[PDB]
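A.B. asks: Start from chain C and add chains Z, F, E, X and L with the ligands according to the hints.
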Amino acid sequence: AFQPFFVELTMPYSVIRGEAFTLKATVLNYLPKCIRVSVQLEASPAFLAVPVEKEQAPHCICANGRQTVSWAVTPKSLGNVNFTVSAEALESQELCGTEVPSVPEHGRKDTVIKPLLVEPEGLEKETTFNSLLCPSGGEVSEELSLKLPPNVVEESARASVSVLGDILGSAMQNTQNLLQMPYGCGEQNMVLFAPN
Amino acid sequence: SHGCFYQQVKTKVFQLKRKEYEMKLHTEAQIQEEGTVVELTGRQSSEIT
Amino acid sequence: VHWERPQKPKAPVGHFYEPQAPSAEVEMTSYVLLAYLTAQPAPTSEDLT
Amino acid sequence: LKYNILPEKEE
Amino acid sequence: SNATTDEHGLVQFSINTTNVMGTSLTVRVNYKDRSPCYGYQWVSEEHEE
Amino acid sequence: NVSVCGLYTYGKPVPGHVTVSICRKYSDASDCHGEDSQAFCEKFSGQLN
Ligand SMILES: *[C@@H]1O[C@H](CO)[C@@H](O[C@@H]2O[C@H](CO)[C@@H](O)[C@H](O)[C@H]2NC(C)=O)[C@H](O)[C@H]1NC(C)=O
Ligand SMILES: *[C@@H]1O[C@H](CO)[C@@H](O)[C@H](O)[C@H]1NC(C)=O
Ligand SMILES: *[C@@H]1O[C@H](CO)[C@@H](O)[C@H](O)[C@H]1NC(C)=O
Ligand SMILES: *[C@@H]1O[C@H](CO)[C@@H](O)[C@H](O)[C@H]1NC(C)=O
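Residue numbers (the deposited numbering), protein chains in the order written: chain C, 788 to 983; chain Z, 296 to 344; chain F, 1181 to 1229; chain E, 1328 to 1338; chain X, 395 to 443; chain L, 247 to 295.
Hints in this document: simulated from the structure, not taken from any laboratory. Among the clues, some could well be false.
Rough simulated footprint, nothing fancy, chain E against chain C, three-plus residues with beta-carbon under 8 Å [unchecked claim]:
#, region
1, 939-946
2, 951-958
3, 966-978
In the BS3-like style, the derived pairs of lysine-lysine whose C-alpha atoms are separated by at most 30 Å in a straight line are [to be verified]:
#, chain 1, residue 1, chain 2, residue 2
4, L, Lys258, C, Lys811
5, C, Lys934, E, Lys1329
6, E, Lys1329, C, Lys863
All residues carry an ideal CB built from backbone N, CA and C; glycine is no exception.
The following block holds chain C by itself, in its conformation from the complex:
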């Protein structure tokens, strides 16, 4: 695919709710005509972004001409956040170059909607628990109390449980591995003999 005039962003996969970061939005032009762009982004209540270079109007970008802007933003919500960026062209602004037609298709404005991830702020740390239950033709029970909310933040708390029996995780490879021919001294003879 392609687009004669589009907008692409850059940002990491995941971020942290507390600290901020910049979001780098580039715009690219491949049509011969050289046009000033109106670029920006619509934002949600689930974070807070601010520009760095908003006051100044861009001038123009020509074929293979790419401009770029940024936005210093801090997330608020947790998980996945869609980020929306709108870019379009402008007519009757012949101040950068010779002409500026600025007449694209019905979708003349690139309106891209991109998500990202954010993890919960604070030093992530864990807690482990284990249990071996074996009803030998019968019933057994247990109870496990999970409570460590000192100086914590809501909803970072997660847990999970896993049921299995783990003798077979390595019972394949090692078992089929070591079955060998005896030879050598009595020491080596035992070495090769005993394990089997």
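C.D. replies: Frame of chain C, contents of chains Z, F, E, X and L with the ligands only:
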């Protein structure tokens, strides 16, 4: 004109290791108004031990 | 969990290859296990965990 | 179980 | 027995002798091996004993 | 001979910078615990048109 020349060098280019052998230093002073150069061979056996 | 030799062998030691000291950690952890598993009537629950 | 900490520890 | 190096690096160790025929003596600052990476066939370092 | 070119979306050309690091490997160093196996590297910066 007065005194003598100095220089502090770095041995990273020398790789003071197994298979790079002893250190020969050949210093060549070209005295002006004669073009006259003379050399001294020095410290060939700096024991990189 | 597990256990080691005393977190490093105290005297001057090592230089690789486990010289006169095969590091004997899997064997001893397994001996610990076999101890944990042993019981006349039947073992308990906690030793199993 | 997992969670995040350090809203204090400031001197 | 231990000792240490003084301003002149000197130590005057004394040993009483009521013992067997022939005696061997050694002194070191480090242990009986070229501790950092001596076994490679491509190493360049040592320490006197 | 050496060269570089950055394919892009639709394989279009991309302006930018580059640094190549052409490199031999495995110098005389012992490559063990104080020694980089990294041998001679030449670094070529370019402004990709
Ligand atoms: C905003 O992000 C959410 C996901 O976090 C999107 O909500 C829906 O996502 C599912 C896939 O999980 C889609 O099948 C739905 O179509 C999405 N809903 C909508 C709005 O159609 C959502 O698409 C993203 N965009 C906005 C602005 O809501
Ligand atoms: C060597 O012996 C002295 C006591 O005579 C002692 O102070 C010293 O601690 C010993 N060496 C080391 C490494 O401790
Ligand atoms: C030397 O050491 C031996 C140890 O038994 C002792 O018998 C002898 O008295 C010592 N001589 C001295 C300190 O002069
Ligand atoms: C290397 O580049 C030069 C021109 O820069 C060219 O003449 C030559 O044929 C190229 N290929 C080689 C030497 O293999």
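A.B. asks: Given the hinted pair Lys934(C) and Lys1329(E), is their Cα-Cα distance within 30 Å?
C.D. replies: holds, 11 Å
A.B. asks: Holds or violated: the region 951-958 of chain C covered by chain E, criterion of 3 or more residues with Cβ-Cβ distance under 8 Å?
C.D. replies: violated (count 0)
A.B. asks: Within a Cα-Cα threshold of 30 Å, do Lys1329(E) and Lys863(C) meet the stated pairing?
C.D. replies: holds, 20 Å
A.B. asks: Does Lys811(C) sit within 30 Å of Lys258(L), going by the straight-line distance between their CA atoms?
C.D. replies: The hint holds at about 21 Å.
A.B. asks: Count the residues of the region 966-978 of chain C whose Cβ falls closer than 8 Å to any Cβ of chain E, and tell me whether that reaches three.
C.D. replies: violated (count 0)
A.B. asks: Examine the region 939-946 of chain C: at least three residues should have C-beta closer than 8 Å to a C-beta of chain E.
C.D. replies: holds (count 6)
Of the numbered hints stated above, those contradicted by the structure are hints 2 and 3, listed in ascending order.
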